[PDB]
Amino acid sequence: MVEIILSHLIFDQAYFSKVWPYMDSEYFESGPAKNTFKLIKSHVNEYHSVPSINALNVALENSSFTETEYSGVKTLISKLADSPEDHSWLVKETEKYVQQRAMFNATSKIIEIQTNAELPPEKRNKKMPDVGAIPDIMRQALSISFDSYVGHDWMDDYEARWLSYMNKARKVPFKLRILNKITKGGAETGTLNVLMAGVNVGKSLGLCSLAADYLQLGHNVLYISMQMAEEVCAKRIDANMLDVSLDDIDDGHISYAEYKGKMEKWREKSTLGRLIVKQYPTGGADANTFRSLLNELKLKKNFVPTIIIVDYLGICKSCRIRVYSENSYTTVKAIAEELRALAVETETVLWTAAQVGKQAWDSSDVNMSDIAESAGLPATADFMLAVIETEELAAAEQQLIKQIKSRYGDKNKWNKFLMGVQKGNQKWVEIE
Amino acid sequence: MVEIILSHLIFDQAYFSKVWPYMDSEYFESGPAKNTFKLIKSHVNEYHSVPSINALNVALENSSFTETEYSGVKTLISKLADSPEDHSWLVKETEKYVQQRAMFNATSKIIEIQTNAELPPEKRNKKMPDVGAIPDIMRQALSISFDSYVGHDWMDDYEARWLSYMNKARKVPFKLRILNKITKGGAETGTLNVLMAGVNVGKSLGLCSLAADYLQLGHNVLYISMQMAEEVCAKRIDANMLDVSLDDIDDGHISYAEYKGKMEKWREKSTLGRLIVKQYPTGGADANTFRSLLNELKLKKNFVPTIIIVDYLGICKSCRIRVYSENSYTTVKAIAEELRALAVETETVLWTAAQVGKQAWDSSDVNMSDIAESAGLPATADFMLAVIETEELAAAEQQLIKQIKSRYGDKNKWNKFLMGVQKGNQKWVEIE
Amino acid sequence: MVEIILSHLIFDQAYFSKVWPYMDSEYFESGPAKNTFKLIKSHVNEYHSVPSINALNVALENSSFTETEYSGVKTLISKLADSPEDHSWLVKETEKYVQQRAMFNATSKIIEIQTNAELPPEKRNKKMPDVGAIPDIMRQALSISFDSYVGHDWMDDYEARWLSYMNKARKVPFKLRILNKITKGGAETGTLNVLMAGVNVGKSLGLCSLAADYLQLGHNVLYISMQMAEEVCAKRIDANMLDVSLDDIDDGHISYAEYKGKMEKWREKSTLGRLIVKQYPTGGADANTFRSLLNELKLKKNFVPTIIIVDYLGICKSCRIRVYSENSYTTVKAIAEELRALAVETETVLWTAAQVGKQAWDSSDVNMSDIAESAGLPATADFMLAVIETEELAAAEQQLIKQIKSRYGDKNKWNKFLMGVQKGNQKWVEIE
Amino acid sequence: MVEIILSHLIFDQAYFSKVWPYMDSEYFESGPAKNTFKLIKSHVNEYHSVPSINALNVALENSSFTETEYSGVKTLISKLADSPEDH
Amino acid sequence: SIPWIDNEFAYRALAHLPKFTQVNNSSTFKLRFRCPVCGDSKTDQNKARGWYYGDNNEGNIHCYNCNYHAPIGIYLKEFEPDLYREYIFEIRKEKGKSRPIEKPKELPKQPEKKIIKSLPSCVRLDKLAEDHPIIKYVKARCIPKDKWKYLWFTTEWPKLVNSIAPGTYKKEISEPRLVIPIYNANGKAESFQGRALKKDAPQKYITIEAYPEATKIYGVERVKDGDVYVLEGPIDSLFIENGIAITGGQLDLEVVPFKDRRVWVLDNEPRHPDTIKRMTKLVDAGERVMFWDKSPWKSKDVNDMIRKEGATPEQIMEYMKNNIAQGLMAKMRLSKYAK
DNA sequence: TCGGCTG
RNA sequence: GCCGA
DNA sequence: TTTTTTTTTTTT
Ligand SMILES: Nc1ncnc2c1ncn2[C@@H]1O[C@H](COP(=O)(O)OP(=O)(O)OP(O)(O)=S)[C@@H](O)[C@H]1O
Ligand SMILES: Nc1ncnc2c1ncn2[C@@H]1O[C@H](COP(=O)(O)OP(=O)(O)OP(O)(O)=S)[C@@H](O)[C@H]1O
Ligand SMILES: [Mg+2]
Ligand SMILES: [Mg+2]
Ligand SMILES: [Zn+2]
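Protein chains in written order, with this note's numbering: chain A, 1 to 432; chain B, 1 to 432; chain C, 1 to 432; chain D, 1 to 87; chain E, 1 to 339.
Mixed in with the good hints there might be a few duds.
The calculated PhoX-like cross-link candidates involving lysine-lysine, where the alpha carbons are at most 20 Å apart (straight line), are [claimed, not checked]:
{"no.": "1", "chain 1": "A", "residue 1": "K278", "chain 2": "D", "residue 2": "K74"}
{"no.": "2", "chain 1": "A", "residue 1": "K34", "chain 2": "A", "residue 2": "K96"}
{"no.": "3", "chain 1": "A", "residue 1": "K181", "chain 2": "B", "residue 2": "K423"}
If you are wondering where the hints come from, they were derived from the structure by calculation, not from laboratory data.
Required output: the full structure, derived from the provided sequences and hints.
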């Protein structure tokens, strides 16, 4: 890819602005490529700008080489084109080429060092290092990654850091005062959050409640039904939005006239967004399938989801790991990391629920250790709530949400808070 | 000179008694020499003595070799004879040959490693280390010598012991006098220190507290975040060193004018270093990547690190074990070894943080048999701490440090102590 | 191998007197070997003495041999040498050759028997054995062993057992009259012993002292330490050996001149053993390791140990157990069993320490029931000494040692004894 | 029509954005076409975009199959070319 | 194992099988036979996939038709239980005793026996007219004219061989071929290769040896001072100063002289893993191997470079002299070049 | 239409 | 089975 | 070598 490297050095400023800091004549070859890069280096040294093909030819004419080298360099020069390919692929590929050639150079150097070492001191060459320099010579050749960024400074970049503080565009509100209060502006994009609860305690209920709350806030929500069907999930969403008890829905207490009226009234609102719900067979969808669904959505409809809700992470099937390749801890943590990567790619708050081992399915409190699946999930995640319900809570219709893992804010300011869950409406009500 | 080495292994006793334990079958060519050494080693294992030529002939006759192999081994043994020479040139020449043939084998190994690395996925095999491991292997080969120190020999090694008595290593002091007291003045330079804890209980909090203290102590600090953005870690440091709560920063309670004033008041302080925060994606950085970052920091920013602080040890790429190849224990142990090697190389007091097992979560006490990803960390680490803020320490706004692994002093002197961790300021204070 | 066997029959006295009773004319061949052994047997029968080479040549001169047989026997006789091979290998190899040839002869005999059986009974060889005796014949094949020593045979080794009794070939003294009084001669080889530290006793100190006392008696000792550094353990050894207080070593009251003088004075004494301190990470050393360490020490430092003191049993690791814990009954039981197996297979005394329960801590009298690791350790520990320190004994600079379990002797003979412990000197002295 | 399918997979964003999610390795052949699609899929996984011909040549150079397969893939890539077509 | 007994029993138990052939080369013992497990093909009677290799430390019967690879003992158990028991008993019988097979170590070889004096039906290339079709073909080959005194043209190649080695062909069908005489060190022809003409000859493009002990290296008599370059084609060697070419499917390092200064110049194919195997076996011997990893040309052989990419001999020589690596240095280029 | 080819 | 004619 | 479910067992 040396030809590509030189072509994009000559006919691109962005590439030259990020790969010229890491470039040595020892990388390319001992043939025409070496002399061509030497010409480029000389031209940029004498006049601090990238040359042109005419300028390169003039430099080649002025420079002195043998006839074979002259012809080879001229032929290579004639084989240069703009070819405006992708920038990310270009920089990654040239970084790979640099690393491989650096490894080759270091290995050849240590081989020459050993060959000199075997020679008698009278015969051997003093210029080369001693054998003791073999290790470092390798590691310096393993530290040539393409990265010009040193990062923050805390002293030379305080104004930019304050500006970054002023950019609250990452936060997303919750439509609930208590959640935003305990998350300091709500959840953030590409930030995995887990609302774990026991079986039949309200995981998918809470996820659909969050979907409805985000829908009433104008976002675009993608509800990934891992267990239920599309119609059932949409029925729960209607129970939250159209404010009609889920049962009533099945008992005909809402006439089609009233249903149509409520749906049209909600359509008339300009603050309402779009909500798309996709059902998936158990163990048959993950970040790869999710991105395929993302592309299909963005093509078929002008829909860019701002929230991604997963019905249950455990139901998902890992991308690289097969269906049951390894134990639960490895595969579930892999699923969690893949989902967090998908969220940070699409810059969307990724909500999901988790199950609790049998030790806490009837406990007044559930701790972080009571994660039925991998313990890596309460490590790959950010804002973890736990939903607890007892006989008293069921009588009071108040699920208790415990701030089990809080990356956003202080995990202990309001650790346990009572929610006003109305199971009939699939809705959460803050308590004042 | 393999023939001479075997001849003096057979026909001599002092030569054997001096050189045998270091000899290995890998130090000979694949021809007759290796098979002869195999027979000799088998006989030595079976009878605890050097065989005679008749014994070697008997073993060769009762061996499973090819006609070519049998003829070659018989010819070599027939060529073996006692050459009367000095017992000073033989030992040194044997050591030279063993080092030279150790280096050849090592080099061949790194060539094979590179060949495996260039292979595509699936097609590439395993049981072979990653390219990043190449320097470490080259370090072992250069260390081969016939003077092996296995353990401290009382009445034989008493000069070194008295030197260790009278002399003490240089300590990089902490700003908390409790850590100095439990480390007898501070942390030694070429060390890998780890601050273990549970999830979301103050791993990065403790690392940032140490970073802020070391920045206030005039050292040069590098904070490599793998789970947080550069802005988040820099915000933690700002909260620690400006006495402004994170709630104040997020809510904007402090004005930008006061922020700039505090930054200038800190910059005007003469006894201040430079802290630089660099972010890599989870699993996107290794020890080689950290070395490249150090190179650019020494070149681009002219910053020589003193305190490297990595956010999460268990997230970093092995740097020597292909991604997703071995189990968790081997991968994390290799990560710890690579980080300690980098710390020893750059003479920087490295800090990291490890995650305890699910059993230790919300438990009033932890120990070595609680490390989640790998129990090999205390073997590799040089100073490890724990955080036991489970139920009531947070209610009392305090902490607890187990001092799990302490190579600086006696861990069973101040094993458990209370630290006033202030979460809003992201700092540690002393209860006294 | 036949040539070597015949040559060492002709030219040796010990090898002949050891391996002649198990040699038969059918063991060698049907040619030169058989005829040569026939000549040897004839000569040893007519004259009760091993023939010389010229005597064997004379026997060849006067014997019934064919021309080819005559030439073969003459050549083989001339091919007999007086090579001085080692003894153990010669015995083992001739035994192996004899067993292999006996197996071949028995297999040929049973095959010929089966071939004879499948013949018309009217035309068969009467002398051939019947088929039903085939399992017996192979038994006679396997009833061939030059040295028949399998286990200790009562009524057949009463003299050797009595010699072991009188010689005290198992005991190893303690340099303390009290311990030898309570052990009928001291600890025994191939055994495990444990010190049960009570409420703050210092498991290291006792093992430290015994380590010393064992050192002053000329025994090779190896203190595998876990919770301490090699320098610290060697410093305690120095405190016990040089009469220098441990804190005085830290302060520097004792100077280099006095230290080196005492060290050389101890070196002058010929009754001083060697102590090898080796450190291993807490929980990173199981019994199997110790085996490799012993192999390395024997091979490299020629150090063959008779005392092996491991710092702490609970801190150790089980040889093959995945789950590790700081204090678990199954782990301590496995560790005790593996360490005792190591002691038995090494023919060495092994010492370790262990902790007891709080009931043993508060009460001066400690019962085997009042043991943290009871049933487990008591089962595999030959000796068990409960070391208890009380405030009154602290004022009197003593400790109450109780013989909790003595496989060596009666428990109640001298159970409780006051020991003169000097913590600063880390020394144990007797009480008048 | 595998050549046409690949040509419009590379030189057409509209065609790719529709047909790609359903496309899979087992749909082309046991010869050059499968290897070309494998290279395209690997590049897509690496960069979330369609590679150019130069990128495919680079990937082909950094490949492992035999001379016959290499020649086949190079021939196919050289034969890849956009044509005026309807969606 | 006991390879000699394995070979003996394999010969005993495979001689009666159809299409049996005891292929015994000076270092290899192999048996060709129609595999009883599969039967091969009715058309492929002579193309019998049943093979036995006993030259290894163990005797293995492998058939590529049914993909049946097994030790000789397994085959004996599955097909010849009587012979199986015989073999399994006698292997133990001689197992105890020392191996005596080295005692009758004799060489049945002979020196130069069929020294080639003259070539009937052959006219040397330099003796031919400039408009001869073979001359035009070698002009397309771009061989330097001065070396044309080393090649002959024939039209009676089967007749020529049957005049040299009678009975090789039952029919002496006239066939034009490029006769390349392979000489010894002293300069006398010890064999000759009938190089195919046009795109390919009808059948049997093989080098005919005067005798089994004849040399397989071309141009040894023309070797001068300096390093010796070993190639794969005699015509390719004609473009190389001090360039010899091995002629045969077997590559023995011992028979190749100039151990101090022999340089292996092989093909320019990183693929074709057999080439990689050859390179690896050469470098494991620590031999001097040339590497095309930095070659500006991408052809297969040197003559291919010259004809297709317009390479000149001087460029070839300077590349060879600058690209000789040994030991670890060679292994590096081998590793990077292979793929 | 032939021979030679690993597992 | 793949390669060479 | 961890890790998680479940069951069974056992010790304190
Ligand atoms: N159609 C419905 N009508 C009334 N109550 C319902 C209905 N569906 C669910 N619930 C109640 O909602 C709670 C659990 O429902 P879901 O949230 O759908 O289950 P989940 O949270 O997904 O957890 P699991 O383990 O998958 S059942 C229980 O209290 C149910 O009684
Ligand atoms: N913005 C914030 N404001 C106040 N407290 C916070 C904030 N963010 C985090 N915390 C507190 O920080 C504590 C520990 O957070 P971390 O720094 O992430 O510790 P941790 O062990 O690194 O967690 P990890 O990295 O997810 S394992 C939590 O208990 C929170 O209460
Ligand atoms: Mg559900
Ligand atoms: Mg954190
Ligand atoms: Zn077959």
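Consistency of the hints with the structure:
no.	hint	result
1	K278(A) with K74(D)	violated, 41 Å
2	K34(A) with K96(A)	holds, 18 Å
3	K181(A) with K423(B)	holds, 17 Å
The structure fails hint 1 only (numbered hints given earlier).
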